[PDB]
Each structure stands twice: as C-alpha cells, then as structure tokens.
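Engineer: Residues per chain, in single letters:
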Amino acid sequence: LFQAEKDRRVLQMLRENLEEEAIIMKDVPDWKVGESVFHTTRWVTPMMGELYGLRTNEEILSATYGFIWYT
Amino acid sequence: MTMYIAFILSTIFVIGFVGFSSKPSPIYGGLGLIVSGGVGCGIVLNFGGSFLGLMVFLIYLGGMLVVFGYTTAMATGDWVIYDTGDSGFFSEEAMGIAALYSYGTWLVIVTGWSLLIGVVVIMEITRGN
Amino acid sequence: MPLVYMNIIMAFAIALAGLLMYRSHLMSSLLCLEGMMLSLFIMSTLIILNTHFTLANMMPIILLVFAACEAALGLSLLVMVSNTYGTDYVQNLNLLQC
Amino acid sequence: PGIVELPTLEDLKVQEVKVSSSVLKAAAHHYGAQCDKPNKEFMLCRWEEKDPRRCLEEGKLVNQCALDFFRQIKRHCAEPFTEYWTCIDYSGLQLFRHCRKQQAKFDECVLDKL
Amino acid sequence: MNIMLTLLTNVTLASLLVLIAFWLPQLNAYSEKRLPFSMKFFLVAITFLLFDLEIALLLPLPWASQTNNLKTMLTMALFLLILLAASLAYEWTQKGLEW
Amino acid sequence: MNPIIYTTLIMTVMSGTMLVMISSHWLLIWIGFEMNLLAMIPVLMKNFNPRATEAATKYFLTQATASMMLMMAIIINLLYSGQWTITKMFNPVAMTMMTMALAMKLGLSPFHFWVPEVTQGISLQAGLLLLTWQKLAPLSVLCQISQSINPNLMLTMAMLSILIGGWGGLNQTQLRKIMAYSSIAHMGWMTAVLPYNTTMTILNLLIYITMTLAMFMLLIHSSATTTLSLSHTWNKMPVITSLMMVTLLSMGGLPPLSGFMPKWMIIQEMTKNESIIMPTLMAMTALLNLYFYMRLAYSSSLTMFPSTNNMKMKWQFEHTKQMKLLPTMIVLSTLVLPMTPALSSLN
Amino acid sequence: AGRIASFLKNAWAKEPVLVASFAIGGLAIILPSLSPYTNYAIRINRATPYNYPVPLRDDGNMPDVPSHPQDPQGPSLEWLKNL
Amino acid sequence: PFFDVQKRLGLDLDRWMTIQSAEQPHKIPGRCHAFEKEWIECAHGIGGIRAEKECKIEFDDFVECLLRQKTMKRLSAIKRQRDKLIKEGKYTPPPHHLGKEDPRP
Amino acid sequence: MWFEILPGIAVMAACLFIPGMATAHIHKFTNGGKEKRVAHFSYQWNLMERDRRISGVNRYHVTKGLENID
Amino acid sequence: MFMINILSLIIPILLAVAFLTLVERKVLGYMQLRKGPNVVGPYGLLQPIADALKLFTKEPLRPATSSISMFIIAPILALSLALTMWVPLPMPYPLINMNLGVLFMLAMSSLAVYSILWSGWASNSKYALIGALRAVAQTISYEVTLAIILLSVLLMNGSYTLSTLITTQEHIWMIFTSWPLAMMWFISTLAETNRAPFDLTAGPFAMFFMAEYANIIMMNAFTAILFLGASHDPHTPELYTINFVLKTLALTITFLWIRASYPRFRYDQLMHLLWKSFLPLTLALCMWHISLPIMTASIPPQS
Ligand SMILES: CCCCCCCCCCCCCCCCC[C@@H](O)O[C@H](CO[C@H](O)CCCCCCCCCCCCCCC)COP(=O)(O)OCC[N+](C)(C)C
Ligand SMILES: CCCCCCCCCCCCCCCCC[C@@H](O)O[C@H](CO[C@H](O)CCCCCCCCCCCCCCC)COP(=O)(O)OCC[N+](C)(C)C
Ligand SMILES: CCCCCCCC/C=C\CCCCCCCC(=O)O[C@H](COC(=O)CCCCCCC/C=C/CCCCCCCC)COP(=O)(O)OCCN
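Protein chains in written order, with full-length UniProt numbering: chain A, 74 to 144; chain B, 1 to 76, 123 to 175; chain C, 1 to 98; chain D, 79 to 192; chain E, 1 to 33, 48 to 113; chain F, 1 to 347; chain G, 2 to 84; chain H, 2 to 106; chain I, 1 to 70; chain J, 1 to 201, 217 to 318.
Don't read these hints as lab results, they were simulated from the structure. Incorrect hints may appear among the rest.
List of simulated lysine-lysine pairs, BS3-like, C-alpha gap at most 27 Å [to be verified]:
id, chain 1, residue 1, chain 2, residue 2
1, A, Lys99, H, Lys88
2, H, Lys28, H, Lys38
3, A, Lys79, H, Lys38
4, H, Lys57, H, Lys80
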C-alpha cells in the first residue's frame with residue numbers, strides 16, 4: 074500500500090511540475106517542455122530537486138532535512 | 001531553506017583552513033584545525049553521515065589532534127542532489143560499515159598488519175641510542 | 001558538481017599550499033598534512049553517501065586510520081629532530097644538501 | 079532526447095485509505111493474510127516492470143482491497159478494534175507487546191465473525 | 001535544529017556565567033598591584063593514539079553480529095582483538111610501559 | 001636493531017610493494033603505498049645519527065605529500081565516474097594529479113630534490129634498497145594507466161630528469177650523490193617511453209636494477225663513500241676496482257656492454273612513433289652521465305692514487321662476509337647484449 | 002607435565018590477572034567451534050526479514066513455492082518458537 | 002607490473018568493492034545501479050578503445066545519473082525564468098506550490 | 001547524627017527529579033497526551049510523514065481511525 | 001516548548017552540583033566522627049549559596065601575562081561539555097533521542113581533555129604544565145578502556161541507542177551479566193574525573224569545579240543506566256525517574272565513600288594499573304563478550 078501511494082504521489086508531483094513548466098517556458102525560444110536529459114527511455118528515479126524545486130522553502134526543508142534533524 | 005546551511009558550513013571550513021594554513025604560532029594553527037574539524041563533522045552529520053561524522057569527532061579530534069596538542073605543549123546548489131526513497135528499517139551507512147567483518151576480510155588483515163607494524167616502528171624510531 | 005565539493009577541494013588545495021610554503025615550525029607542516037587528510041575524508045564521505053554506495057562506507061574509516069598512523073610516525077620523527085637541536089625549526093635540517 | 083510521458087492527474091485519482099500508522103499497524107497481520115493476492119500481484123508487477131507508470135492500474139486494486147478489508151472490520155468489530163489500535167498508538171515505538179490483552183480481544187472478535 | 005539549539009544554549013549559558021564571574025569583581029576599585051621534554055609522556059600519547067585507531071576498527075561490532083556470516087565475522091573480530099593484544103604484549107616486553 | 005625486527009620490516013616493505021602490484025582496487029594500492037612508507041622509515045634509520053634522522057624526515061614528508069595527492073586523485077576520479085578499478089583515468093584533472101604524485105614517489109624532476117639528500121643521509125644498504133626496490137610500485141602503477149597519461153607532461157618531466165641528473169652528477173665528489181643523480185637520469189629514460197611501450201620501461205628498469213645492485217654491492221665491499229676513499233681501493237683489492245670500472249662503463253651506455261641495451265631499444269621504439277628530436281637530445285644528454293662515470297673510473301682504476309702507511313695492516317685481513325649474487329649481478333650488468341631479443345618475454 | 006603445572010601454579014601467584022586474561026581469551030577462541038547453538042544463531046539471523054519478499058511469477062512448475070503465506074509450502078519457524 | 006593473482010587463484014581479494022552494482026549487503030542498491038549495469042554490459046569483453054568509442058551513450062547516462070549536471074542546469078533555467086516572470090508579473094504560482102494544496106498519503 | 005545528611009541529599013534528589021519528569025510531561029503536552037514518537041531507520045519517519053499529511057491539521061499525532069474510512 | 005525543556009535540564013543539574021558539595025562535606029564529616037557544615041542554613045543548607053556568592057565577589061587573579069583567549073576559553077569548554085553530556089541520557093525519555101547516543105557521549109568525554117591542556121598551557125608555568133601533561137595522559141589512558149568496556153557491554157544491547165538499554169534490562173540488571181566489566185568501568189570513571197584515589201592534580220575556578228562535579232554526577236547516572244536497569248512503565252515514567260535518581264545518588268555517595276576510605280596512587284602506579292591489569296582483562300573479556308552471544312544464540316535484535 075505504501076509503495077502504491079508513493080508511486081502515485083511522485084507521479085502527481087511530476088505532472089504538476091510539468092504543467093507549471095509548460096506555462097512558464099511559453100516564451101523561451103529553444104525550450105522543449107518536459108524534455109529528458111538522458112538518452113535512455115528507461116524510467117529514472119527523480120531527484121529531490123525534481124519534486125520540490127518549484128514548491129515552498131518550508132516543505133523543501135522538510136523533505137531534505139526532516140529525518141536527519143528529528144531527534 | 002536556511003540560506004544554504006551546507007554552503008555556510010563549507011565556507012566556514014574554507015575560512016578555518018585559511019586560518020590555520022598561515023601557520024601562526026602552531027598552537028593557534030592547531031586550534032584553527034580543531035575548529036575546522038568540528039565544522040567538517042557538522043557538514044557530514046547534516047549530510048546524513050551520523051557514524052562517520054561521530055568518527056571524525058571522536059577519533060580525529062579527541063585522539064589525534066589531542067596528541068598533536070600534547071606534543072606541541074611539550075615543546076616551546124545543495125539539497126537537490128539528494129535521493130527520493132527510504133532506507134528500510136536500517137541505516138545504510140551502518141550496514142556498509144559493518145560489512146567490514148564479513149565482506150572486507152582482506153581490508154581487516156592489511157589494516158591490522160599495518161597497525162601492528164606501526165607500533166613496532168614507533169618503538170624502533172624512538173628507541174634512540 | 002555542486003559548490004560543496006568545490007569548497008572542500010579548495011580547502012584541500014589551501015592546505016597543500018600551506019604545507020608547501022614552510023615558513024617554519026615543522027609541526028605546522030604536520031598540521032597542514034592532517035588538514036589535507038581531513039578534507040579528503042569529508043569529500044570522500046560526501047561522495048560515497050551521495051551515491052548510496054554501501055560497501056564503500058568502509059573506505060573513509062580505513063583512510064582515517066592509515067593517515068592517523070602516518071601522523072604518529074611523523075610526530076615521532078619531529079620529536080627526534082628536536083632532541084638533536086632543541087627545537088623543530090625547518091632551517092635546522094640543512095646538514096644534507098644537493 | 080525524448081519527452082517523459084507522465085499520466086494525467088485524473089489517472090492518479092483513487093479513494094485513499096485515510097487511517098493513521100497506528101491503525102494500519104494494528105490490522106497489519108490480518109490485512110496481510112487477507113489482501114495477499116492483489117498486494118503480491120502489484121509487487122510482482124512493480125519489481126518486474128521497474129516503472130511506476132506501468133503499474134498504475136494494479137495499485138488501484140490494492141487500495142480497493144484495503145478499503146474492503148477495513149469496511150468489513152468496521153461493520154463487525156469496530157468496538158474491540160478501536161481499543162486495540164488506541165493502545166498501540168500510545169506507545170512511542172508502537173510496540174505490539176504492550177497490548178496483548180487488547181489484541182486478544184480483537185483476535186477473537188474477527189475469528190468468530192469473519 | 002534541536003541539537004544545534006541545545007548546544008547554542010549550553011555555550012551561551014556557560015559564556016554568560018563565566019563573563020559575569022570575571023566582571024562582577026572588576027567593577028569595584030582595588031589596590032590592583048623548561049627543556050626536559052620527557053620521552054615517556056610522548057610515548058604514552060602515541061600508544062594511546064594507536065590503541066584508539068584499533069578501537070576505531072573495533073567500533074562497528076554491534077552491527078557486525080547480524081550478517082549470516084557469523085563464523086567469518088567472529089574470526090575477523092577475534093583476529094582484530096588478538097592483533098590489539100600483540101601490540102600490547104610487544105610494547106610491554108620491549109620496556110615500552112615503564113617509568 | 002634486532003635481526004627479527006629488521007627482517008619483519010624488510011618483509012613488510014616487500015609486502016607493500018606486492019600489494020600495490022597485485023591489487024585492482026585504488027584503495028588497496030594506496031594502502032600498499034602507506035604500508036611501504038610506514039615500514040621503510042626505520043630501515044633508513046637503522047644506523048642512528050642526526051644525518052639519518054634528517055634524511056628520514058625529508059623522505060617521510062615527500063612521500064606523505066605524494067600519498068595525499070594520490071588519495072586526492074583517486075577521490076576526484078571516483079566523483080566523475082564511480083569506479084575504484086585501476087584503469088585509464090576518467091578525468092583529465094585527476095590524471096595530472098596522479099602523474100605528479102607518482103613523479104614525487106619516483107623522484108622525477110622537478111620533484112627530484114629529495115633524492116640526493118636522502119641518499120647521502122642513509123647508509124649504503126639503505127641507499128641500495130631505496131634506489132632499487134622503491135621504484136617498482138610507482139612504475140607499475142604508471143604502467144597500468146599509461147594509456148591515460150598526457151604525453152606532453154610526462155615527456156617534459158622525463159627530459160627534465162635526464163638533464164637534471166646529467167648536470168647535477170658533474171658536481172659531486174660523494175658517491176651516494178652520484179648514484180642518486182644517476183638514478184634520476186635513469187628514471188627519466190624509463191618514463192620517456194611509458195606513453196609508447198611499457199615493455200621497454202620494464203626492460204630499462206630491470207637493466208638499471210642489475211647495474212645499481214652491482215654498483216652498490218661493489219661500493220659496500222670496498223667500504224667507500226667518497227672519491228678519495230675509493231681511490232685507495234687499488235692498493236688492497238684491484239680486482240674490485242677493475243670490476244667497478246667495467247660496471248661504470250656499462251652504466252654509461254657504452255656498447256657492447258649491457259647498459260647500451262635499454263637506450264638503444266628505447267631510441268628505436270621512439271623512432272617508430274615519428275619522434276626524432278627527443279631521443280637525440282636524450283642521448284646527447286646521457287653523454288654527461290658518461291662523463292662523470294669516466295671521471296670516477298679515472299680516479300679509481302685507470303690511475304693509481306697515493307696511499308697511506310696504515311693500509312699495510314689491512315693487507316693481512318680478508319672479507320669475512322660476502323655478497324652472494326654479486327658475480328651474477330656483474331655478469332648480467334656487463335655481458336647480456338647478445339641476449340637482447342629475449343625482451344619478447346615481456347620481462 | 003611437571004614443568005607446565007609448576008609454571009601455571011607459579012603464574013597463578015604473583016600474576017593472577019594475566020592467568021585470568023589468557024584463560025578467558027582462550028575460552029573465547031575455543032568454545033564457539035564446539036557450541037551447538039552457533040548454527041541456531043546463524044539460522045536466527047537468516048530468519049529476520051529486512052527486505053520485502055518479492056513474489057515469483059508462477060509458471061505451473063513451482064510445487065514447493067507457496068501460493069499464500071498460510072499455505073504449508075515454504076520455510077517454517079516452529080524451531081524458533083520453541084527456542 | 003600488475004600480477005593478476007586473484008584471477009589466477011580465483012580469490013576475489015578486492016573485486017567485491019570495485020563497483021556499485023556488485024552484491025551489496027542486504028541487497029541495497031546504488032543510486033545509479035541500472036546505468037552502471039548497462040554501461041558494464043555494453044563494454045564487456047570489448048577493450049578500452051572500443052568501449053570508449055562505442056559505449057559513449059551508456060557512459061554519458063551513467064555520468065548524468067552520478068553528477069546530475071544537465072538536470073541541475075535545466076532546473077536552474079526554469080527557476081530563473083519563473084523568477085523573472087514573478088519580478089515582472091505575468092506568472093502566479095498555483096495553490097500547489099504555495100503550501101495551500103491537499104496532501105495525499 | 002547521620003540523618004542530618006538527609007536534608008541536603010533530599011534537595012539534591014529533588015533537583016535530579018526535575019529534568020526527566022519535565023521531559024515526560026512536555027512530551028505529553030506537545031504530543032497530544034501520548035509519548036513522543038520515535039523515528040529511527042526512516043521507515044518510522046515515513047509513517048510520521050504519512051500521518052502528518054492525512055491528519056488534515058499538519059500534526060502527526062492526530063490519529064485517524066475507522067471513523068475516517070467512510 | 002523546547003527551550004523550556006533545555007532550561008529544565010540545565011538549571012536543576014547546576015543546583016544538584018551546588019548541593020553535592022554540601023552532601024560531600026556532610027558525608028565525609030560523619031565518616032570522620034564529626035559534622036559537615038551545620039551553621040550556615042538550618043542544616044547547612046545555605047552553605048552552597050554562601051560559597052557561590054563569596055567566590056563570585058572575590059578578586060580574579062588573571063596571570064597578567066598569559067593567553068587571555070585560552071584563559072577564558074577553557075572554563076567555557078569545560079562547562080559546555082559537562083552540560084552537553086546530559087542531553088543523550090534517557091530518564092526515561094531523553095531530551096534528544098540519538099541513534100548513536102553512546103558514541104556521542106564518548107566523543108564529548110574525549111573532547112573534555114582540551115580544557116585541561118589549555119588551562120595548563122595558559123598558566124605560564126613549567127610546573128603547572130607538567131601537571132597538566134600528567135592529567136591529560138591519565139585521562140586518555142583511561143578513556144581507552146572506557147571505550148573498549150563500553151562496546152563489550154553494548155554487544156548485549158544490539159545498538160548504541162541509550163533507550164534500548166532500558167529494554168535490554170527489562171528482567172535482570174546488566175550487573176549480573178558482566179560484573180567484572182562493571183568493576184573496571186567504575187574504576188575507570190573514578191580515574192576519568194580525577195577523583196580519589198586518582199586525584200593527582217575566584218570565578219573561573221568555580222566554573223571548573225562546577226564542570227568537574229557535573230561530570231561526576233553524569234558519569235554516575237550513565238553507570239546506573241548502563242548497569243543498573245530500572246523498570247519503566249510507559250503509563251507512569253515517574254517510577255523510572257525516581258528509581259534512576261536513587262541509583263545515581265547511591266553511586267555518587269559511593270564516590271564520596273571511596274574518597275574517604277583510601278590513600279592515593281602514584282602516577283606510575285596508576286599508569287601500571289591501567290596498562291598492565293585493566294587492558295589485558297578488558298581485551299580478554301571483549302573477546303569473551305563477542306563470542307558469548309554467538310555461542311548461545313542470544314544475539315540482540317536491532318541491526
Ligand atoms: C594461499 C597462499 C598463502 C601463502 C602466502 C602467505 C602470504 C601472506 C598471507 C596473508 C593472506 C591471507 C589470505 C586470506 C584472504 C581473505 C579472503 C578469503 O579468505 O575468503 C574469506 C574467508 O574468510 C576467512 O575466514 C579468512 C580467515 C583468515 C584470517 C585469520 C588469520 C589471518 C592471518 C594473515 C596474516 C596477518 C598478520 C600475521 C599473523 C600471524 C571470505 O569469507 P566468505 O564469508 O566466504 O566470503 C565473503 C563474501 N560474501 C559476503 C559475499 C559471502
Ligand atoms: C639482466 C637482465 C634482467 C635479469 C633476468 C632475470 C634473472 C633472474 C630471474 C629468475 C627467474 C624469474 C622468472 C619468474 C618465474 C615465473 C614467471 C611467471 O610466473 O610470470 C610471467 C612473467 O615472466 C616474465 O615475463 C619473464 C622474466 C624474464 C626476464 C629476462 C628478460 C630480460 C630482457 C633480456 C635481457 C637478457 C637476460 C638473459 C640472461 C639471464 C608471466 O607474466 P604475466 O603475469 O602474465 O604479465 C605481467 C607482466 N606484464 C604486466 C608486463 C605483462
Ligand atoms: C592464547 C590466547 C590468546 C587470547 C588471550 C589474550 C587476551 C589478552 C591477554 C594478553 C595481553 C597481553 C599480555 C602481555 C604479556 C606480557 C607479560 C609480561 O611481560 O609480564 C612479565 C611476567 O609475566 C609473565 O609471567 C608472562 C606470562 C606468564 C603466563 C601468564 C598466563 C599464561 C597462561 C595461563 C593460563 C592458560 C590457560 C588457562 C589454564 C586453565 C584452564 C582454562 C613481567 O611482569 P612485570 O610487571 O613487567 O615485572 C614484574 C616485576 N616488577
């Protein structure tokens with residue numbers, strides 16, 4: 074169950090980021106929205122900056138250091 | 001984001017190295033190296049390296065720089127590269143470090159031999175005559 | 001390559017330059033050597049933890065231990081030199097020359 | 079070098095299981111005994127395909143199987159089960175050995191009902 | 001964050017108390033009027063450093079005991095302890111622990 | 001020291017070099033270098049005196065700095081590609097760092113300054129070991145990563161080493177300094193051919209080790225460390241001086257002696273790669289090494305220097321201890337030119 | 002025979018700490034090779050699931066692989082329970 | 002030089018530690034396990050020259066996984082453009098990116 | 001007599017009572033009447049994060065039972 | 001309310017170390033057929049306050065030539081480390097719940113020697129420097145055996161988490177599983193804090224004294240948690256707190272008892288004690304405690 078929820082959450086955050094990129098990059102000339110940086114078509118686990126790049130600093134700080142700092 | 005706390009710690013690390021690299025009054029250089037070691041231990045701990053940071057802080061500071069001070073006194123962009131998944135119900139650093147006794151038999155043998163030879167070598171060097 | 005690696009490499013280079021300067025006081029030379037070792041330990045630990053390379057978590061400890069042994073040796077040498085001259089100044093070691 | 083295909087937000091909509099970790103832990107053994115088939119089918123699919131996007135359909139079946147399990151518990155032994163998970167939810171480490179008395183009550187209530 | 005705040009509080013309290021101790025009696029007017051270098055101390059410090067390195071090797075033992083390779087771990091762990099003992103015996107018999 | 005402890009230390013030095021030679025992991029190669037350095041320090045100080053302690057501290061400082069930059073090169077290599085195997089470096093910056101670390105470990109110019117002083121400080125047996133055995137590990141590591149090296153830097157250091165050895169040997173009366181500068185020049189010759197053929201590197205290394213062993217054993221037999229002390233040797237043991245002269249002629253690269261085999265082949269190999277200016281410069285420079293070898297031969301075996309009266313008593317005693325393999329070393333360092341095509345054994 | 006007994010008796014006096022140390026270390030080296038519970042310890046370690054058991058794809062040719070956790074096929078931990 | 006004692010005797014003294022994708026304890030994977038596996042299986046038995054020529058795609062992907070240089074460049078570009086649009090004023094973040102979203106388990 | 005040492009000891013004991021007791025009560029107050037959750041090994045942290053997300057009030061200790069299953 | 005918790009940890013500890021002076025004086029007096037302070041305060045109870053005020057109103061004698069920097073730094077480091085070492089301890093619930101709490105306490109104790117080194121260096125005296133070197137050598141020597149004994153004991157616990165020590169000793173104390181290790185641990189904690197029979201060595220003086228007495232109390236509390244495991248009921252932790260406090264007080268009073276009962280060693284005699292009696296037994300019993308769980312199939316859970 075946790076695996077299913079994790080997959081669904083990661084996919085949702087990636088789609089939200091993709092839609093916002095589509096909005097933001099509308100006037101960049103050589104941009105291609107949602108372009109991979111890898112030659113392979115294999116699925117690659119996203120970074121932390123992929124998921125929390127456009128979000129607020131509080132939840133970035135949580136996702137980065139919450140477990141380390143929780144004592 | 002706390003204004004790049006890792007960057008701040010790295011900058012303090014570099015500043016401490018600049019401090020003790022000028023080599024003023026070797027006790028002061030040792031003090032600067034102690035501060036730099038503390039900052040680097042903080043960097044490793046904040047990164048997630050609890051055991052290795054504590055090894056820095058215990059072995060390096062409490063033994064090695066302590067012996068350095070003894071001998072001296074005798075004389076005259124972050125947060126993005128991180129992972130996504132979890133570790134399970136264990137800490138991966140601990141499992142990898144503990145694999146020293148099952149996977150790294152050769153490393154244990156060579157390290158123990160080197161340490162025994164180092165004891166013998168210190169004895170022979172300091173014998174004098 | 002992010003800026004944390006750049007800062008650690010810069011610290012290593014600063015320590016190496018400080019060792020190569022030799023104002024005086026061979027103890028400062030040993031201090032610069034061990035600052036180099038500390039920077040090496042930090043950056044190797046960061047790389048190994050970042051890439052989740054589990055079996056290499058062994059490596060930093062090993063490095064530490066070996067380098068510390070070298071420090072012991074170096075300290076012994078320093079001590080012996082002082083017993084000949086009364087101090088550990090660099091310029092005392094000019095008996096042998098090119 | 080290509081465009082990464084992501085499922086639309088509508089394909090990710092499912093009726094979530096909104097119960098806390100103590101409640102999930104208190105029912106974990108029976109949930110594993112009951113919902114094993116969809117869970118194993120999802121995990122076998124998840125490890126063989128190695129891609130979140132390729133198992134979105136199988137993950138929706140594990141949500142249902144879990145909801146059905148909790149619905150059966152709710153409609154038969156909500157009393158006994160609520161006393162069990164409230165004792166497990168008190169412990170900092172949520173240990174199973176600090177509430178064997180409560181577990182027994184909820185273990186007899188599901189064997190004489192389901 | 002909690003640990004950093006705790007250390008900051010401890011250090012701040014110690015500094016405040018030391019400074020008030022050093023400045024409370026400084027406000028009232030008053031009259032306001048080598049070589050030896052023992053080698054044994056250096057050798058005991060070096061012995062401590064080497065034994066500390068071997069303890070550093072010993073430290074992961076609590077986690078090493080869950081490996082499914084119990085025999086190899088026991089052999090290697092025992093080997094390190096035995097190795098540590100040899101250093102102690104060699105230093106002992108070579109008059110390295112004397113005064 | 002205790003013979004058991006000395007044997008253990010020598011065996012530990014050998015084991016460090018072998019651990020470098022047999023391992024495929026960069027950490028284990030670095031560990032071998034560390035163990036070798038750790039066990040080599042007492043050997044340099046076996047005969048305790050201020051000079052040996054100064055030599056040992058200089059040697060420790062240089063080797064520790066080299067090991068630190070070695071470790072640095074390994075870490076940088078690891079960062080770019082996560083590999084621990086010793087193969088061609090994946091990063092250009094890492095490769096240069098690796099190259100200078102091994103240059104210090106060998107004594108190549110401009111990192112040559114420590115060799116003459118350390119060799120002068122230590123005794124003759126320590127000098128023999130330092131100038132023969134302590135070159136195997138760095139050279140083997142260099143051979144393993146030869147496809148990675150930048151030829152410009154490596155050949156620059158090789159030519160600098162040959163020039164520096166030739167010039168610095170001309171100013172020496174002490175025999176250990178002469179040996180150190182000769183070793184620097186031979187390291188330059190060996191490293192000038194790594195980019196092209198590692199078999200030639202190994203052939204030069206073996207020939208040089210044979211000649212250096214013969215020379216150091218002959219210097220030990222007639223226990224002389226200066227020019228004038230060796231000038232007295234004809235008055236007691238003229239066969240030793242004749243063998244020494246033939247060995248010196250071989251070390252200068254004069255055909256048909258053994259010492260002509262490496263340079264010849266090395267020159268030949270470089271000519272295969274359309275390199276003409278560098279081998280020519282190298283040979284004209286090796287003429288300097290030949291000059292100070294010839295000066296030593298003039299002082300030792302081709303003229304008879306004034307002696308002293310107390311030498312008469314020395315006429316009544318024999319050498320109690322012998323170097324075994326000394327005749328074999330002399331023969332192999334003078335008369336193996338006809339066996340040159342045996343290098344296909346990949347020696 | 003007599004020499005060893007005399008040496009041990011003379012060491013038990015004036016050096017009891019060393020005699021105790023060597024006895025304890027020797028027993029620590031020897032006994033594990035002779036204990037019958039060390040294999041039980043290895044088995045207990047093997048029986049601790051840290052990772053998820055990834056199911057196998059059935060192909061009609063796995064009689065010994067259980068189809069459900071409650072099925073009798075597969076390893077059992079009755080020996081653990083009785084310990 | 003390199004005397005391959007391990008291959009001759011079948012010892013495996015240090016080969017267990019040379020790569021990320023070689024049988025880690027508790028089956029814990031490296032962050033770039035798949036990329037390294039692909040690069041290794043591309044370059045196996047081929048030689049270093051042909052490996053450097055013909056397996057450059059796999060090595061490039063492996064390095065991109067290891068250091069994430071291009072990915073960080075892309076993220077930085079997106080963030081700079083968004084910052085410019087916020088400064089000038091044609092872009093408004095959604096409730097998702099301001100902390101006002103509905104979290105999911 | 002010896003029992004006149006008891007007062008000071010008592011005072012000392014009372015002081016050593018204060019920290020631990022205080023901690024416990026604070027862990028009750030900030031954790032909604034339950035022991036502070038322990039999070040080692042990062043699966044426990046994931047459980048806490050899931051709890052915090054599903055509470056609806058951004059607090060992990062607000063536990064959701066079957067009344068929330070609908 | 002984390003700041004309130006930090007303060008409720010720091011302040012009561014300082015009061016406890018203030019009144020430990022009273023308790024020590026009272027206990028030694030009664031073991032010496034006399035009393036301690038019984039004039040200042042109803043039962044001596046205001047003696048610590050009078051001592052503190054007198055010390056804080058006395059002229060401080062700065063060496064007038066020594067390094068003022070290290071002169072001020074040494075008491076700061078001493079007291080900061082002393083107060084920091086209390087955070088990891090679980091009484092029953094710890095202020096900071098560390099995975100490697102035991103290793104953290106070891107590292108703090110290892111740092112505790114820099115204060116001695118700096119205070120000796122900044123005294124501008126050869127004799128005081130000799131004394132400081134002796135103290136540092138003794139401290140590092142005994143922390144060796146502290147570390148080895150500690151890991152040998154922890155091999156029955158399964159981890160470095162101090163809370164798990166409560167779980168390990170749920171039925172029986174650790175004193176019964178390994179009393180020899182506990183004996184050597186007790187002697188090593190005597191020698192670590194420079195307490196008799198190992199006591200060979217205005218404001219800042221009181222600061223140093225506070226640090227030493229806080230270290231005494233913390234070391235005895237650590238001994239109690241390590242070897243004398245109280246039973247903890249999760250629905251009433253005050254029982255565990257009272258039990259743990261009583262055991263800590265008993266061990267501190269035992270320190271006072273030992274100080275009142277024996278003469279002191281020479282330097283070489285305590286060095287020989289360690290290096291020739293504790294280290295061999297410590298290594299042997301470390302081997303034994305590594306072998307024991309495997310032989311009997313009693314390895315603790317956590318990995
Ligand atoms: C072969 C010829 C020997 C003669 C030449 C002597 C030269 C020096 C001798 C030193 C070499 C030691 C060889 C040991 C190599 C270690 C690896 C090998 O032995 O296999 C290990 C077997 O372990 C053995 O127990 C090692 C025992 C050896 C240590 C005891 C004594 C060592 C003394 C060596 C010299 C040290 C200093 C001198 C002391 C007198 C691996 O165990 P295993 O669990 O299957 O595999 C782990 C991998 N997993 C996790 C995937 C399963
Ligand atoms: C004076 C000239 C040099 C001295 C000649 C040697 C004298 C003493 C030698 C006594 C016997 C040593 C032989 C070793 C026995 C077994 C050898 C075997 O196990 O190893 C082989 C290796 O054996 C050697 O290759 C052959 C050594 C023969 C040296 C003599 C040739 C020197 C050039 C010609 C000069 C004339 C000398 C002849 C008169 C004595 C396999 O090598 P390999 O592990 O797969 O590859 C590693 C090397 N790589 C990296 C370069 C590829
Ligand atoms: C074989 C097992 C290996 C593992 C066990 C070892 C673990 C730790 C023990 C070793 C620690 C290192 C000891 C170093 C030895 C040095 C001894 C020494 O030098 O002392 C000698 C003398 O000591 C000796 O006698 C040498 C050793 C004597 C034998 C000790 C015990 C040997 C075996 C006894 C029991 C064997 C097995 C038990 C039998 C009973 C059945 C189980 C001189 O003493 P001083 O204090 O310097 O001078 C005194 C005058 N001022």
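Engineer: Against the structure shown, which of the earlier numbered hints fail to hold, in ascending order?
Structural biologist: 4
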